[PDB]
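Q: So the chains spell out like this:
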Amino acid sequence: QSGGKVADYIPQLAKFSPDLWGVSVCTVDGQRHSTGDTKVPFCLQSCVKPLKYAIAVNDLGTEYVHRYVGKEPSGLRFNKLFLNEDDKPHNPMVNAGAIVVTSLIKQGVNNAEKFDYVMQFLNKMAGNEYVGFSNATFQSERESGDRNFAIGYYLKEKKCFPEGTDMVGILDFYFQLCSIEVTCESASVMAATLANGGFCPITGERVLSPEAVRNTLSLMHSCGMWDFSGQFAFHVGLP
Amino acid sequence: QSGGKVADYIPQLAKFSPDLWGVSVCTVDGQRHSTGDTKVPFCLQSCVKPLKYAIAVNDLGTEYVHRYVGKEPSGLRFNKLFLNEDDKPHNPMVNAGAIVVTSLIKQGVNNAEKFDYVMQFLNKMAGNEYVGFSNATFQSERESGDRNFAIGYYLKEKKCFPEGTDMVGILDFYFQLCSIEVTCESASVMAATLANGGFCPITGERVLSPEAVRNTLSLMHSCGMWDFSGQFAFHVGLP
Amino acid sequence: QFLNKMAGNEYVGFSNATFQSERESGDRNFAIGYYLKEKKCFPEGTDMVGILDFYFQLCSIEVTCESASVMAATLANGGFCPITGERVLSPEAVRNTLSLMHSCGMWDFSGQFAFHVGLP
Amino acid sequence: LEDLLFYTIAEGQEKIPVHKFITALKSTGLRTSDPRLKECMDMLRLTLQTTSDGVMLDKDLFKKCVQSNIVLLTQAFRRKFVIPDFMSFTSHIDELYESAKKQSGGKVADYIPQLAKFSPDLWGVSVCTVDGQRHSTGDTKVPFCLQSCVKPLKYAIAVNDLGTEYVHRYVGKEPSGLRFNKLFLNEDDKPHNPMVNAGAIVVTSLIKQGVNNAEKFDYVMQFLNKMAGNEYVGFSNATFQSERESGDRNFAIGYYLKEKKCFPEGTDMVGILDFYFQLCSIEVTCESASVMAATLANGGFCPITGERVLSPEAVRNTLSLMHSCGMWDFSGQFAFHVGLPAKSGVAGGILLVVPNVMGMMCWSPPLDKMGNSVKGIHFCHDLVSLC
Ligand SMILES: NC(=O)CC[C@H](N)C(=O)O
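Protein sequences, first through last, are from chains A, B, C and D. Numbered per the UniProt record's numbering, the first sequence spans residues 241 to 479. Numbered per the UniProt record's numbering, the second sequence spans residues 241 to 479. Numbered per the UniProt record's numbering, the third sequence spans residues 360 to 479. Numbered per the UniProt record's numbering, the fourth sequence spans residues 139 to 525.
Don't read these hints as lab results, they were simulated from the structure. A hint or two may mislead.
[Claimed, not checked] Residues on chain C that point at chain A, a partial pick, calculated with CB under 8 Å:
| hint | residue |
| --- | --- |
| 1 | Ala390 |
| 2 | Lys396 |
| 3 | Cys400 |
The beta carbon of each residue, even a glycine, is placed where N, CA and C say it ideally should be.
This is chain A alone, in the form it adopts within the complex:
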């Protein structure tokens, strides 16, 4: 297959060649295998949202997490800015829900220790694999991502944020979470910890509560593919 249309916005993402292709496999027990360009690092744009939702749930309880976000598919593009009948984001998967669930994690703590905590937790989840940070793609999407700023200002205007929260710092933190880079082999440990009962497939450590894993699996099955989620559940039927 050929496809095309790599990336127009975020010009740092457009520098990748279109013929890059790699697939990594890791099972629950530890059986792993990879082919292609699996050693090349790449960013984790929008793929960290189920992970950060799991972190927020495991830290704060699902009722307190869903006090501010819904659990329904939006039915439109993730860039489209609108709320439900209750003036809330539709799901954590879309940009508004991602911003709100970034607001929940460690509300009384500054950005540096928040990033340190989430990076330590994700490294524990990854079995101390390679988890980097592409600062080149963080300088981009910050000076060029304008739709996310509009969504954040709309959410601040609708007063859907938790009290005593700065919108600009939370949006920058969300950009930092989106700017995390992993390889395909390192991301094979991802989607395997939550494929298990919250335990790491390699180290066997206790990482996530089973409730958080079940909730994020249900959310990925429901609206984990934007408008293509219905067709994906119809044909593939996998989270």
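Let chain A serve as the given structure and place chains B, C and D with the ligand on it in line with the hints.
A: Chains B, C and D with the ligand in isolation, oriented as in the chain A frame:
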């Protein structure tokens, strides 16, 4: 629980008592059990749509069925009048998709044989149980149902109908299909034929193809509960 | 300076108290500005944040009713100040802004205002 | 010519096992992950699955297979490298490591609270030579930030890209004699040298002035990766979120420089300051940083790749600047006792350079009151006293 708000439109449907409540259960093997007032007949409004979708798929092939209807959730009420980017209904569960899939079932033959055909399939699925027809709720919702007429005329204006199809007759046939009434015990035989691989749990015969059963099960799991489908999959996770 | 020329050197102040507010609390305007920046409907080489702050400053100007009586009177004339008689606005600009105020100068109430009052 | 050295490795037998071939290769100090011998390494890999003998290499296969690395292997296996008897050198390094482990020091980090989380007993030393010999001990695999140790590197980048006259049009080349946090300029209202914070800010203001930060960081990271031989050059975002909400002396210095109008025309101070924080937030390991200070120990040529990175003029200029004022107020004492071009930082790293011989890296989170690691200074003193 109490609830409230029985039915505003379809004034024939508003005559039911608010404390009326019963549950019937039937399994794949054949054993069944029911409690309460299960013998009382009631209309199958908006519940026959997975059944008619299964009939249409089993008779026409899923590619020809989905040539006109998409397979994505809408995210809004079933009475809402809008289409997707491709000027098509989002899914067969909403009213527009139901109208389009009723337009496909035996398009070359008039209503008199079409109703007999779908009633024969419904009786074969039900194992010759009670499948009645509440004419009182068919005379109502035809003189008072106005949103369906607007939706059908919008679909005709968008030219999403098959060639050589009358809008008014197909809409009347859709009303007739929605006006079919069954009891709780009789409807318990339904949703068990498609719980099996298309085989009737009572007669042991074959009714539906496994592909049609899988397709309608996936669609009902995805967007079979309107805007509450996401919450239903989150909490219950059953079609 | 030009608005003072239009006002005939009347009282035109600047309420800084209402400028500090609506800057830390006006969030819908920021969303609109970022949406316009995302849609690329700005002139080339223009900073969105500074332009939005300038727009807030223009909205933060304060005048009295007597000073605002000279307002809507230079443009009620042929662009000349009713008091000083100086050349202020070109007649084309006055005609265009009068037509725009007559058309959509009252938000959703503009149609009813033109139906009943029928004045810009 | 490879046959005689292969027979010298051999004891008379024509067939030599691969286990014997990898034996004593570590004695030569050349690691197996060198891209120069990546042809030979890929040869060994492909012959390991397909040999039909089991762990064998044979003379004639070695003769026919090696087609581009004859010179390097001949220089390596006849002890033609600049540092012979590498076992004695590693024993000396281990003895100095054991001697330096006795000291305690203290005062790890007060400001940048993310930097204060490091263990005070962490200690590691990495060594790399010009030819390609390398050896590391201790905690050499732990990543750490390159705070103030990237300033000679960015100065070399700026000089190599802009010319020394254009670089020094804005920055002087004299030591200051005070701390790097001190806010003052020279008689001509210019930063004293690129090593202190003001000079670092001004030289970050010069690199690709017409391009935004997104491509500037990619450019400097490409140069750093070419210098490091595609080793681990990461980015610690945790220490970049800190030192931005808590680093106030740098903001005051930047505003003072903006007031003095020493910046190039059409430059935004805040963006350049953020880019400077990003440049100082780059993290590396001791092994990865050992590849650095060896490219500039050579004539701008990377010891691992063998390619060309920097002009010799830039290398000479940054070596002279590191020799002159590479240790803040301790530069005079360091030249008096050690007399080698080295650069320190608030992280704890020491970029000790021996010109045309070998490069080093010493990591110690505890710091002196002046701004240098106590263990690294003691290690350098013991090294210059012994060898
Ligand atoms: N040694 C250093 O000062 C490192 C530079 C760093 N930006 C700081 O101001 O701390």
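Q: Next, verify each hint and record whether it holds.
A: Results of checking the hints against the structure:
The restraint placing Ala390 of chain C at the interface with chain A holds, with a minimum CB-CB distance near 4 Å, inside the 8 Å limit. Below 8 Å, beta-carbon pairs count as interface contacts, and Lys396 of chain C has one with chain A at about 5 Å; its hint therefore holds. The interface hint given for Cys400 of chain C is broken, as the beta carbon of that residue sits about 12 Å from the closest beta carbon of chain A, more than 8 Å.
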